[PDB]
Amino acid sequence: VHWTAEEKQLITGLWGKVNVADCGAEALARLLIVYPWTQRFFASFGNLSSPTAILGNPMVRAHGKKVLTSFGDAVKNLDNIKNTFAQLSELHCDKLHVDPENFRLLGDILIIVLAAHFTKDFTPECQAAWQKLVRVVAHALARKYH
Amino acid sequence: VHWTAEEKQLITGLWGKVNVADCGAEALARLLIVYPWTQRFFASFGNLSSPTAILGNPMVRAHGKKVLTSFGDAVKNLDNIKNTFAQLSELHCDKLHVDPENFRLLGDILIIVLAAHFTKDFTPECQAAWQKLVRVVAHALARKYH
Amino acid sequence: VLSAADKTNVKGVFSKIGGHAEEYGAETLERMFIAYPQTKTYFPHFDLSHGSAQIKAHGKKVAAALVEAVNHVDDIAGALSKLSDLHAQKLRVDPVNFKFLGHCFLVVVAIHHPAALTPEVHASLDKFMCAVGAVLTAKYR
Amino acid sequence: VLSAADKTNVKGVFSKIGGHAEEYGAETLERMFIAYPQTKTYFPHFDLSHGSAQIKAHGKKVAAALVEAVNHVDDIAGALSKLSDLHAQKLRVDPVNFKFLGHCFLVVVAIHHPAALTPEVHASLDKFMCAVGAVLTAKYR
Ligand code: HEM
Ligand code: HEM
Ligand code: HEM
Ligand code: HEM
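Residue numbers (the authors' numbering), protein chains in the order written: chain B, 1 to 146; chain B', 1 to 146; chain A, 1 to 141; chain A', 1 to 141. A prime marks a further copy of an entry chain.
Chain B with its partners taken away, still in its complex shape:
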């Protein structure tokens, strides 16, 4: 993957402003609500019984944070995402058997969450750069399948 100077600016500039606990919690909660089969993977998180319980489940909150903070590892070094995400690829593919399509769905949700928080500042160009990043991260996660 090649990153442009502008794409790097849009990514690193938004990353500094991102509340990872808040966006992370919301992104994972929306995943479980909008695509309910994803709940099977998180059965051990306790009460996932309604949107409100999912939203106020502490393990959901905490895991969502950890998902989003691991995007910082990508932001840190954008030209080395493939190798940075190799262990997490093994985890998701060999242990959990999460179908790659679900990586795409969480990426799409993250983008909606970012949009709702940053509104006006979430320009078409900033969206495109962020879409590219979740796509690259999803592809890095799916590499142990190939």
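No lab work stands behind these hints: they were computed from the structure. Even for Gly, the Cβ is constructed at its ideal location relative to N, Cα and C. Certain hints may be false.
What the hints assert, rightly or not - Facing chain B', from chain A', some residues (calculated, C-beta under 8 Å):
hint, residue
1, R92
2, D94
3, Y140
What the hints assert, rightly or not - Covered by chain A, per the in silico footprint, the following chain B' stretches (three or more residues, Cβ under 8 Å):
hint, stretch
4, 27-37
5, 126-133
Model the placement of chains B', A and A' with the ligands on the given structure of chain B, informed by the hints.
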């Protein structure tokens, strides 16, 4: 990708028996019939107006043959598919903008066509080896996207 | 969903399948487990060795439900309502797995009845399996 | 398809969108073209520069059809029947492109009305865009 001795045997052994004009024509015709949006890519092939016209369209027949014969390039060297399909990846991704999901759909159709021709001999293991091959070929075709 | 032509076509193929629905049920599962090994994760408590009684018993039930949907093609959401709760609410089967099984079924049909699976019937049967897929993944909330 | 709760939720969000449907139409397309450049191939005869009259005129029409479907939520296949022939028979739009546009629309809603797009409304609006997607890719044969 790693190929087992058995997988190689199942692939090379079936390849020698495959009628590429017949299976090729059928596979591409079924693609255009079962998933009709794929016809947009082949508008220049003339009459695609009904299943019978699609089936008896000469350019459909001839293109289907060429698709299947290019699987021989893969069979020839199973450990070098990524590089063998690099030019065709550029063609399909940069020029034609064919969404990768369609590579999967043609692979799935090819498997059904193989099954109908080889019936009894198309064992679960032979299917699995062939499924793996169309998956690997599809992934090689989608590499210019990443 | 399904045109009158599609319904004719699906009734057409299933009539030929007929008395073999059970065996084809078992064969579809065996191919799915082998070709898409990730599906094995939904059956941890199964004996998945070739020709196991558990696969044959389960295959019969899967085929039986498909036959029932065919016999009620005009209202399949009603015919399979109990099965949607099981697959969507309880088991939370990833939608992608219904595509794998639908594909293995079409492979089984082609092996046993190649002359019956004309391109037209193929297109109708694919729509049908997709329709069944969507019903069984429906009630997700 | 859509529960009574879903229909309430979709009517709910679209009421807030209200007088802005046209602008949101244009904004959705602009984001789609930028974020998924392959969609540009369906509009070779368009001026796709930011804020072009062609995008605004087309955006208005896309939004208008969505509003019409909302106003006829109980029968959207009927409300959008002419549009299914155009998209499925004539243009042969790859289904995948409807997912891109549905996603860009949800992004536009979130930007302008974040408090209205609760997780529940999100889930309903996604189902709705999926329902519209399937209708517009229907009559493929
Ligand atoms: C594409 C974006 C994703 C990222 C960046 C991501 C990242 C992570 C991280 C950092 C962990 C913790 C690993 C550790 O403990 O060291 C994790 C675990 C996990 N992930 Fe993901 N993940 C993604 C997508 C998904 C999806 C789509 C699913 C399934 C719907 C999923 C299911 C799980 C599960 C079940 C765990 C273990 C839960 C636990 O025991 O705490 N992940 N992931
Ligand atoms: C995954 C399996 C596929 C293989 C192995 C394959 C292979 C090929 C080959 C060998 C050619 C001829 C290239 C040349 O002229 O040197 C070609 C061209 C082409 N392919 Fe594919 N292809 C695949 C999938 C697809 C799909 C899914 C589509 C779209 C639905 C597609 C659309 C086209 C088109 C429009 C051409 C050019 C047609 C022409 O001008 O003759 N291909 N492909
Ligand atoms: C055409 C699609 C399918 C049909 C018609 C179907 C039908 C059935 C039937 C009839 C049952 C038994 C219910 C009972 O015993 O009362 C069942 C259960 C089950 N299904 Fe499916 N099924 C389909 C797809 C799938 C898929 C794709 C998977 C996962 C890969 C799956 C996983 C399961 C599991 C784990 C059970 C419970 C098994 C047990 O412990 O008894 N199903 N299904
Ligand atoms: C919610 C989904 C969509 C809706 C409601 C929608 C609605 C419409 C409407 C109202 C028209 C104009 C018909 C007329 O002028 O009489 C149209 C045309 C068109 N649509 Fe869509 N559309 C959707 C999705 C898409 C997608 C995803 C694409 C491709 C990426 C696409 C490509 C086109 C094209 C190329 C035209 C003709 C433009 C022209 O030359 O005038 N549409 N659509």
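Status of the hints after comparison with the structure:
| no. | hint | result |
| --- | --- | --- |
| 1 | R92 | holds, 4 Å |
| 2 | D94 | holds, 5 Å |
| 3 | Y140 | holds, 4 Å |
| 4 | 27-37 | holds (count 4) |
| 5 | 126-133 | holds (count 3) |
Checked against the numbered hints given earlier, this structure breaks none of them.
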